[PDB]
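2 protein chains.
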Amino acid sequence: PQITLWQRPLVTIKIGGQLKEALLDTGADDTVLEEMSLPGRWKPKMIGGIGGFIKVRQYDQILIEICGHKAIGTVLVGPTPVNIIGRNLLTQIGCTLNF
Amino acid sequence: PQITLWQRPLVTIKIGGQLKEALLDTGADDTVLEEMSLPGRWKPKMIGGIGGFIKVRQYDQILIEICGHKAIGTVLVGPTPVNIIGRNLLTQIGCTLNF
Ligand SMILES: COc1ccc(S(=O)(=O)N(CC(C)C)C[C@@H](O)[C@H](Cc2cc(F)cc(F)c2)NC(=O)O[C@H]2CCO[C@H]3OCC[C@H]32)cc1
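Going line by line, the protein sequences match chains H and Z. The opening position of the first sequence corresponds to residue 1 in my numbering, with each subsequent residue numbered one higher. The opening position of the second sequence corresponds to residue 100 in my numbering, with each subsequent residue numbered one higher.
Since the hints were derived computationally from the structure, they do not count as laboratory data. Fair warning: there could be bad hints in the mix.
Listed below are the simulated DSBU-like cross-link pairs for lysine-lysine, each with C-alpha atoms no more than 30 Å apart in a straight line [said to hold, decoys possible]:
id	chain 1	residue 1	chain 2	residue 2
1	Z	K144	Z	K113
2	Z	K154	H	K55
3	Z	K169	Z	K154
4	Z	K169	H	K55
5	H	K45	Z	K154
6	Z	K154	Z	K142
Stretches of chain Z that chain H covers, calculated by requiring three or more beta carbons in the stretch to come under 8 Å of a beta carbon on chain H [unchecked claim]:
id	stretch
7	102 to 110
8	130 to 140
9	173 to 187
10	192 to 198
Beta carbons: idealized from backbone N, C-alpha and C, even for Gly.
Here chain H stands alone, though its shape is the one from the complex:
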């Protein structure tokens, strides 16, 4: 798809058997998801944003289906206010900025 930006660029994702909505976020290096039940190992990590830092759980090699595209990579889980698909996954679905 081509997505204009008059509204937030939200897409439906499937991850860990659950359906969610997430923001396609070119400003995010990494993918950060709201508190959710994810299976497997995880490493504690801290990540920084506009208002400070949050502690997240890092999961690697996690499969996400984003608007019918499959990607695998690192997902961070924690107290983000919105689900963010970051550049680590955007590159896998071939996403580009155009103007």
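Fit chain Z with the ligand to the given chain H structure using the hints.
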């Protein structure tokens, strides 16, 4: 241009007579610039992100030249760690997401 997302989507902007680099950020509703000397009158505001909130100064009808394209709109100035071009200006330069 078309911009792939293997690196951060940075562009050069000119605002208030100064040259800066800023991130093309589809996850940002509004445009947020690091502390800088802007001439106008401003309104106090708070904005929220991943780690909490920051106080910013809101300036309206600010001219920004983003990668040569000209845009006018609201700019927020405050303790953001990265200069962020948000959707309020991205729409003016015709920016779209494509995959
Ligand atoms: C009123 O209108 C607004 C304008 C901006 C923001 S907002 O807090 O800024 N936000 C919106 C929110 C969905 C996260 C945009 C997002 O694009 C930031 C933009 C950014 C980049 C940055 F490098 C440093 C920042 F402080 C902020 N991304 C980031 O928080 O990323 C985190 C985690 C992912 O991985 C990493 O990637 C980069 C940093 C880290 C809010 C309101």
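The hints, checked one at a time:
1. Taken as a hint, the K144/Z and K113/Z pair is honoured in the structure, with Cα atoms around 23 Å apart against an allowance of 30 Å.
2. Restraint check for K154/Z and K55/H: the C-alpha separation of about 22 Å stays at or below 30 Å, so the hint holds.
3. Of the supplied pair hints, the one linking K169/Z and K154/Z holds, its CA atoms being roughly 27 Å apart against a limit of 30 Å.
4. Restraint check: the Cα-Cα separation between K169/Z and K55/H comes to about 39 Å, which exceeds 30 Å; the hinted pair is violated.
5. At most 30 Å may separate the alpha-carbon atoms for a hinted pair to count; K45/H and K154/Z meet this at roughly 26 Å.
6. As the CA atoms of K154/Z and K142/Z are separated by approximately 11 Å, the hinted pair is consistent with the 30 Å bound.
7. Under the rule that three or more residues need a Cβ within less than 8 Å of chain H, the assignment of the stretch 102 to 110 of chain Z holds, with 6 such residues.
8. With 1 residues bearing a CB less than 8 Å from a CB of chain H, the stretch 130 to 140 of chain Z misses the requirement of three and the coverage assertion fails.
9. Coverage of the stretch 173 to 187 of chain Z by chain H holds. Counting CB-CB distances below 8 Å, 5 residues qualify, and the rule asks for three or more.
10. Given as covered by chain H, the stretch 192 to 198 of chain Z passes the check, having 7 residues with a CB less than 8 Å from a CB of that chain where 3 are the minimum.
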